[PDB]
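Colleague: Letter by letter, the chains look like this.
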Amino acid sequence: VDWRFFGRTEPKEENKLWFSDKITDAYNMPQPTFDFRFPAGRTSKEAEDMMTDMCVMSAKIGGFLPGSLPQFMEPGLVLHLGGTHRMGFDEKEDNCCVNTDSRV
Amino acid sequence: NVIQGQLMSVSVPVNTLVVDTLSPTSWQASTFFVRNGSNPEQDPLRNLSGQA
Amino acid sequence: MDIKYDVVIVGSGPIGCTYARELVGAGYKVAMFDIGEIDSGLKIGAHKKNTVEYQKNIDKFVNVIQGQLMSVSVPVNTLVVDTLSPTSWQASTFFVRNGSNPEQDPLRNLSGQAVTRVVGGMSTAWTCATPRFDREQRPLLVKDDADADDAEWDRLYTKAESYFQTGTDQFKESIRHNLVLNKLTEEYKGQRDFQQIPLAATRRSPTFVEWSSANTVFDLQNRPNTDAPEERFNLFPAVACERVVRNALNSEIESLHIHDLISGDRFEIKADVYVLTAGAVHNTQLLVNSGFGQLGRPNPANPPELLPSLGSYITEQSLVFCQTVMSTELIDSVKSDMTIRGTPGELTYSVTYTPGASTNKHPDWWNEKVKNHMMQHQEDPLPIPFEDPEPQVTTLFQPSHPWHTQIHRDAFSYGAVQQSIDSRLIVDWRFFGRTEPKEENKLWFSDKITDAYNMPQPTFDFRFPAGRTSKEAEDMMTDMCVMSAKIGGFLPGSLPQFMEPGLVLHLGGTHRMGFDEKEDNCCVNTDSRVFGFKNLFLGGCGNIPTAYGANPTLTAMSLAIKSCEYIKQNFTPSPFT
Amino acid sequence: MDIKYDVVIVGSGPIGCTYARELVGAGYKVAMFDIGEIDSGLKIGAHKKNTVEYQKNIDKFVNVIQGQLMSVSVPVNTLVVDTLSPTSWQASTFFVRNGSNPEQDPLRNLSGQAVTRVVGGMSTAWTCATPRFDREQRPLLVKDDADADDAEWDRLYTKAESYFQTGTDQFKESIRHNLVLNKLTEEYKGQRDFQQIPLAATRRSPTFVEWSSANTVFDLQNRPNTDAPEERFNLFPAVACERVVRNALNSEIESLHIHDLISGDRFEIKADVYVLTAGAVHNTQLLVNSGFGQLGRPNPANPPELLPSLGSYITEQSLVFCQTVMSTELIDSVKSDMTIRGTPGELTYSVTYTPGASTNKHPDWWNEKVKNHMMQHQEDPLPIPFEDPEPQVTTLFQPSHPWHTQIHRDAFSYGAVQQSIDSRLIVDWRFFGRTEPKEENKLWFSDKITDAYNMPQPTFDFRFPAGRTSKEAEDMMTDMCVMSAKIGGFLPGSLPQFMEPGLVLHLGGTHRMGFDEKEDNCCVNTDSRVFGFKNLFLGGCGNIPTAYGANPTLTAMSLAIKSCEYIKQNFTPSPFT
Ligand SMILES: Cc1cc2nc3c(=O)[nH]c(=O)nc-3n(C[C@H](O)[C@H](O)[C@H](O)COP(=O)(O)OP(=O)(O)OC[C@H]3O[C@@H](n4cnc5c(N)ncnc54)[C@H](O)[C@@H]3O)c2cc1C
Ligand SMILES: Cc1cc2nc3c(=O)[nH]c(=O)nc-3n(C[C@H](O)[C@H](O)[C@H](O)COP(=O)(O)OP(=O)(O)OC[C@H]3O[C@@H](n4cnc5c(N)ncnc54)[C@H](O)[C@@H]3O)c2cc1C
Ligand SMILES: OC[C@H]1O[C@@H](O)[C@H](F)[C@@H](O)[C@@H]1O
Ligand SMILES: OC[C@H]1O[C@@H](O)[C@H](F)[C@@H](O)[C@@H]1O
Ligand SMILES: OC[C@H]1O[C@@H](O)[C@H](F)[C@@H](O)[C@@H]1O
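As they're listed, the protein sequences go chains C, L, Y and X.
First residue of the first sequence? That's 469 in the UniProt record's numbering, and the numbers climb one at a time after it.
First residue of the second sequence? That's 105 in the UniProt record's numbering, and the numbers climb one at a time after it.
First residue of the third sequence? That's 43 in the UniProt record's numbering, and the numbers climb one at a time after it.
First residue of the fourth sequence? That's 43 in the UniProt record's numbering, and the numbers climb one at a time after it.
Derived by calculation from the structure, the hints in this document are not laboratory data.
Don't take each hint at face value.
Claimed, not checked - Straight-line alpha carbon distances no greater than 25 angstroms define the calculated SDA-like cross-link-like pairs of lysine to any residue that follow:
(1) Y:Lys102 / X:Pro498
(2) Y:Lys85 / X:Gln97
(3) Y:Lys513 / C:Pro534
(4) Y:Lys98 / X:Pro148
(5) Y:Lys513 / C:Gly535
(6) Y:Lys102 / Y:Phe506
(7) X:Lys85 / Y:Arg265
(8) C:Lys528 / Y:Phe506
(9) X:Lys98 / Y:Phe309
(10) Y:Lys98 / X:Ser113
(11) X:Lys560 / X:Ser134
(12) C:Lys480 / X:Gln132
(13) C:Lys513 / Y:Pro423
(14) C:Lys490 / L:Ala133
(15) Y:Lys513 / C:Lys480
(16) C:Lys480 / L:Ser113
(17) C:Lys480 / L:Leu149
(18) C:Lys528 / Y:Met525
(19) C:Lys484 / L:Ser134
Said to hold, decoys possible - Sample of chain X residues lacking proximity to chain L, with all beta carbon distances greater than 10 angstroms (derived):
(20) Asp124
(21) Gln132
(22) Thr135
(23) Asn151
(24) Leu183
(25) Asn289
(26) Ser512
(27) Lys513
(28) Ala515
(29) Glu516
(30) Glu542
(31) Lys576
C-beta: ideal position from N, C-alpha, C; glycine also.
My request is simple: use the sequences and hints to build the entire structure.
Modeller: As structure tokens, then:
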């Protein structure tokens, strides 16, 4: 049986996806560049509590399969990226790019 | 394999792995230069390396 | 080499040395044979980790361990190599090669079980953890009287602790030790107690710990000598002991048959008292080779005439392991009492504290080390001193957490990627389970295959017993996962895992103790005397008949001390001539 | 411990032991210091492979080797670990961690270089191959007189060979050795000669070889003693020699500064004659720490006052490696002479040979071994006896194949899948290239970073020179692929490959010899005396100034012998009062 637990990550202004003004990608578009770390505080404590939860809960079904021991996956492997063009009610107050009808 | 075959990494930092068992005749780098589509903007310690 | 001694001891490990210390000290004329050789420097049988080089390069010591551990039973290899050149010679079958044991069922093995053959035995490389067993783990020495059983154990353990130089204070001022200790104390307040692992060791300076060994128990120097002019002892390395010779009545041992490995000659040695301390595996091998028990695949249709419990009820502990990288919170806590002003490398960088202030979370000795490290190494991003010793923390076995624990650092071979992580961050976690003795779990010896010393090949038939053993092993894994997350997350490459069976090397019960041979299914009595034989004694973890999770050597030494009390009351040392 | 000797020697490896053997024997009062400790049993500085246990479990010896090899220069680690828990403390930069050397360019390293600190030095673990250099590889000891040069090198090598007990006969009756040696002799008939590797070793029994070491050269016991009542010698282990003190005129050494690692005491030792034999790396370190050469990153705009060539022109050999799995054709050839009646295991099975017949491809000693093996082990599918010794074959360096070669078995750690292949089938191949001395190839010492003993941290700036060295190294790889294929295909897991630079441990040239300091860009003369200094000598492969492929230790020892002749002719022993 596979176990995958997914943690939520607090939106922080310093976590960014930006694009190079020199380097380009395979389609000649500005090369994407991340500046990301899991925020300290809640996101991090909950990630490690989630790991422990997986360890505890999985043991009710059976022990770990050698070669697939409990581990955090490489950042972004999960492909659940959000917030890159985020929604809110007020551009300034809610630090956002689109409104609730998703219009820029 | 199908999944892997279509997931193209978003940002791969410059590679700094040392290969020091090339034959003496092979051409060899004096620096870790921008090679193989890697992104020199990317700090390898602040990446989403698994993003594709 | 004389032909006749008062006492012969097979094996120069810490248990053989306990018998030596006690019997040499009482005036007996003693010889000790070891199949292995002197190679620990001028201190014979001493701990190999005590060189200045290994105390400066502690991770290299893993190689010393691996270099002297030889696998007990390796099943026939069935790995397929199908990329040989067409010209190379290729097998049509998986035949017996490379010393593999075709008796061995690969799914019922202790594949990690291994033995050492060097003077000092495994004590030249061991980790030195010597906890006492509580009652739950401990064999009875006195029946129907728990207070007297308690008192007898206390007396024997106290003496064994003096022989090993056990203490709990050699790491008392390590920052990392106290950081983990204090955190776990707080997290489990009112639920579990934490302390230093009792270690057989003496600190000689801030960067040097003299680890104890066989040598600490008995220095293994031939006697008489200048410091012991009245004592008699001879050590004979590179002598494989092969058989103790039974009289026809099975009531006495008549001699010991040896094979001098250097001359290649075989001889007999006579003694009044024969003590076997060759370890849990080779004691059993020697006995089986001498006609005790049953040679060959065990067969209930044909139960052995002598010691039918020999090589049955064997126990080996389950062991789970991981490493962690210290949490940001804990690391930050290390410098919580500091006032930090300016920036590193600049003239105005200032790290100070107030010695003695009530609000300080740490003692002055800790703060001063932290201040000095941060001021003298402004380029380093960690507040822990470079030379800060290892943590050595434990919460001892209890009914609500029936496993032994070690939260510590021992020598380790880190992969290149792991070496990317500063070692000051890394903590090892090892939790040890107890294993119920079960008649079906067996160490037996082949009647056909022999080992590298031409002796019957050891073969295991082992699985962790269903029921309590298995349940607690899995619960133990969970507990390690929960407890370790309080200190930091897992180090990639050292994720929580069970270790290969027997890698832990805490094998017991192979020649087990009890009050009554039949009723307690055992091979020796509480004096360690083999049932029916006046003059044959067994020492070592093989005597231990219980399910235990704590490290067993200190308990085995305690039984050896008790055995020696019996010997001293029942045999007379020859006159000194 | 006096503080006045006739001769002090730094280092107890085989080269220091050569100075000791010569000078103790000639009547000088000798002290030797070694930063490491005694750890080969009662024979001080003896080969650690000479225990019965290692010769029964030879592949375990790899751990002994690894356990005492400490990497000289490890660059800062930039491996990314991005699967830590979010709670774990994490670096923003690849900071200087874990004893790494921030001076070290990771792309201009000898990452494989290592040192050993034990009494006996690397000779407690070495492979014992001692070939002579031919002229093309050898430094000149006599100018403009080829025959006189040859005679001098003959006399020195013959003496060195006696000290090491070098022989070419210890494997003469191995079936595997002869199988490979005869095949390669045939294949290269008229083209190359093959022979046994010259080995410093004496066979004691069909299953035991006593490998030579420092102890062979000089037993390292304190003198006077019963067997040497007129000799004077003291060995002091665990003493870090740190500097030799120059007089103001730079014409004489005045003392040796030491640091006793056990007491912590720091003294000055006085002698008539100072000999440095701490190895190619640590001789250079000691010299640089004493004010010779230049400390810190090479700056050719500030050339050093003393020994400007010190630490330049370093040479390390290219090493290529594979293993092979013996061909079907060769294995079948082993039993070429046998008549095989019937079926293995079945009742009438016979393997027989006619002794001394003339169609027989093999000698009677071979056929008899093969016969008894096939008859006694009918379940085994190979004709080679189980206890048959390793192959030990070489074709020595020549202009047309200017590499040293060893086609043999030394201790190896086989992967699980490799252990699937029967070891009787496996042969190691190691071919060793010669490297041109080039001024830009350097060993230098940091003026800021220090090693584990608080000495200036060694840093390499090395690449294999373009031109002949690189072309030959690649030619050499091809040659190994071509020749190995005559014996069998590559063992998966041990495919042809260049080893990490410096792993070979044949570093030379660090304090190189020549006739004239300036013209020959060297540090010592042919008496191994440091230019300008009356009483300081260096010994070791650091003296060798040439490009050589063969293993260098016998050549270094020959140079040390010559050096001692100068000493005997120039310094008078103290009266033994
Ligand atoms: C890496 C490691 C770490 C360990 N850590 C701990 C720990 O922290 N705490 C703990 O309690 N225990 C630990 N141990 C286990 C502990 O070392 C053993 O329990 C202890 O050494 C047993 O002592 P012994 O005298 O019975 O047997 P050994 O130490 O095994 O000695 C047996 C001796 O008999 C000799 N011998 C074998 N066959 C023959 C023969 N036929 N003829 C003559 N002589 C023979 C052997 O050479 C050996 O010297 C560790 C072991 C290892 C290797
Ligand atoms: C596994 C291996 C296999 C090898 N096989 C071969 C082979 O087959 N043939 C061959 O020719 N060579 C071989 N060698 C290389 C050979 O062992 C060395 O060439 C030889 O040992 C060098 O001799 P030495 O006396 O100059 O230096 P070493 O043997 O290096 O001894 C130098 C000594 O100085 C001591 N020392 C270091 N620093 C200090 C200090 N500051 N103060 C006091 N003492 C110090 C060290 O402890 C050491 O004992 C092998 C080496 C290795 C390790
Ligand atoms: O590998 C990460 C993925 O694995 C699956 O189990 C999920 F359903 C996904 O949401 C996710 O993209
Ligand atoms: O590798 C298993 C070993 O590891 C240590 O940490 C222990 F203290 C031992 O008692 C044990 O034998
Ligand atoms: O691993 C490198 C070593 O391997 C052996 O085969 C050699 F004989 C040595 O000269 C050498 O130092």
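Colleague: Do the alpha carbons of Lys560 of chain X and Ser134 of chain X lie within 25 angstroms of each other, as the hint requires?
Modeller: 49 angstroms, violated
Colleague: Has the given pair, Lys513 of chain Y with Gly535 of chain C, been kept, meaning a C-alpha gap of at most 25 angstroms?
Modeller: The given pair, whose Cα atoms are some 22 angstroms apart, holds under the 25 angstroms limit.
Colleague: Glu516 of chain X: least C-beta distance to chain L exceeds 10 angstroms?
Modeller: At roughly 4 angstroms from the nearest Cβ of chain L, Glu516 of chain X sits no farther out than 10 angstroms, so the non-interface label is violated.
Colleague: Sort out whether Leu149 of chain L lies within 25 angstroms of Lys480 of chain C, counting only the CA atoms.
Modeller: 17 angstroms, holds
Colleague: Checking one constraint from the list: CA of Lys513 of chain C to CA of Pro423 of chain Y, max 25 angstroms. Satisfied?
Modeller: Since the Cα atoms of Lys513 of chain C and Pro423 of chain Y sit roughly 22 angstroms apart, the hinted pair holds (cutoff 25 angstroms).
Colleague: Regarding the assertion that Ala515 of chain X does not contact chain L, is the least Cβ-Cβ distance greater than 10 angstroms?
Modeller: 4 angstroms, violated
Colleague: Would the non-interface assignment of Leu183 of chain X survive a Cβ cutoff of 10 angstroms against chain L?
Modeller: The assertion about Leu183 of chain X holds, with a minimum of 30 angstroms to chain L.
Colleague: Would the pair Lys98 of chain X and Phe309 of chain Y pass a check requiring their Cα atoms to be no farther apart than 25 angstroms?
Modeller: 22 angstroms, holds
Colleague: For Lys490 of chain C and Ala133 of chain L, compute the direct alpha-carbon distance and say whether it is at most 25 angstroms.
Modeller: With a Cα-Cα distance of about 23 angstroms, the restraint between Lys490 of chain C and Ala133 of chain L holds, given a limit of 25 angstroms.
Colleague: Run the distance test for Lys85 of chain X versus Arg265 of chain Y: straight-line Cα separation, threshold 25 angstroms.
Modeller: 20 angstroms, holds
Colleague: Within 25 angstroms, alpha carbon to alpha carbon, are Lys98 of chain Y and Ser113 of chain X?
Modeller: The given pair, whose Cα atoms are some 13 angstroms apart, holds under the 25 angstroms limit.
Colleague: Given the hinted pair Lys102 of chain Y and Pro498 of chain X, is their alpha-carbon gap at most 25 angstroms?
Modeller: Holds - the C-alpha atoms of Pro498 of chain X and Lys102 of chain Y are around 22 angstroms apart, at most 25 angstroms.
Hints 6, 11, 15, 19, 20, 21, 22, 23, 26, 27, 28, 29, 30 from the earlier list are contradicted by this structure; the remaining hints agree with it.
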